[PDB]
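Please take these sequences and the hints and turn them into a complete structure.
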Amino acid sequence: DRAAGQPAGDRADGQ
Amino acid sequence: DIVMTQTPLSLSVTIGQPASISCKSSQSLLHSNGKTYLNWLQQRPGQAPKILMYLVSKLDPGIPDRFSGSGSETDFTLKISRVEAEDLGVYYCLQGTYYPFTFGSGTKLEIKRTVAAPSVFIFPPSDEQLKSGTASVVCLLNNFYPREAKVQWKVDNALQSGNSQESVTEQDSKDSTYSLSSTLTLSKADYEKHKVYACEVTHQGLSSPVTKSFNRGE
Amino acid sequence: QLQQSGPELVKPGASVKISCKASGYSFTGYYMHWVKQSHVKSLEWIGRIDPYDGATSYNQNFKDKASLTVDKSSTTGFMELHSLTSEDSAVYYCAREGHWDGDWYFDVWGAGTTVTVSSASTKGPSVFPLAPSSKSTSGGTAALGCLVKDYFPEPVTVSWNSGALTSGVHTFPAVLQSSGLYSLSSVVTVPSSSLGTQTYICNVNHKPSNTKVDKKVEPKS
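Residue numbers (the entry's author numbering), protein chains in the order written: chain P, 2 to 16; chain D, 1 to 27, 27A to 27E, 28 to 213; chain C, 3 to 52, 52A, 53 to 82, 82A to 82C, 83 to 100, 100A to 100D, 101 to 215.
So, partial list: chain D residues that the calculated Cβ filter (under 10 angstroms) puts toward chain C: (1) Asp55; (2) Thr97; (3) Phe116.
Note that these hints are calculated values from the structure, not bench results.
Yeah, the Cβ is synthetic: ideal placement off N, Cα and C, and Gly gets one too.
Pasting the structure below:
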């Protein structure tokens, strides 16, 4: 299983 | 970046009374996937931050139920139904919607309790330090409330200024009291020049100022 | 669950590398984030790393300042800070973004690593006893302690009786002396009856200078 998180961690996820 | 504004920045609550902290974000924290990534954190003195609640109102399973969360897109509120002594610390809000993560300024929650008089102790300078050429006399105020306390150093009934520093601990997580230590530092030559060393303590719990003293050489 | 490295004293313009040892969970299944605590109540998110492939995501403010790496064999995460200035003197935390009920949040934090950026050399503390006497006894309870004086930088760890004595202990915050060095006191209230029987030792450890002192506090008349 791979890591996931809240969108603010990556620029593509939150921005 | 999203700006997280917390109100108020400091809060004094009596044990058993409710407490409320507000957090306002510059943009709506409702993500496109439908989730609102707002987190509430607590930081007790000397410890790392800890998540109280995530996704606005979901509690971490270890957190007691007296904490609750509410709020919409831009306005959010953390509520403590009954404040306990262990709830002391700084509270943050954290948004996880927009890159990057941004924390709030932090709200300091202080406990209000009844006045408690301090226990006063004085310590003469040790023989190890006197060999080094300096002398430190320590005056200890133990378990008092409120935080305001006046410590005056008198050497042969002469008030001292500029040769002492004070330190006061953070509020206790069990009895919500403070402790204070005042250190009077003089050279070994100046210390042997005088005889009586005393600290005079003025506090709200004391009807009259308390003085602890010792004679050099006893 | 997360164990961070000790305090660091770094010269300005130099680099420092701090570690975050993970244990008890699948290391490659969770992001490892890093948080900076500059002032008393200031928290900044530095970035995260995927320990499986080393993929990193940085805060724009800390780009070219922080570098995140992991050692999968030792299950340890690392943050390197480059070209340090006085603005980098802070407490740095690592956190795990854990999983519970399909949701993700910072469920585990390390104790924090204190980083001090300074041109001065470390100085070990002098530990002097605060001996209990008739002037420190109030109603069957005595007060004794230790004076940890003239050290740099922060912090210092003080325990009593190797951690066996915790009740009644107060370790005061360090104060900045006019000499530029720190000083603190650690005291404990004990029964005055135990002064003749019980041995009281304060354990002072100043990691930046490798100073471990165990000073026994003896009563005085």
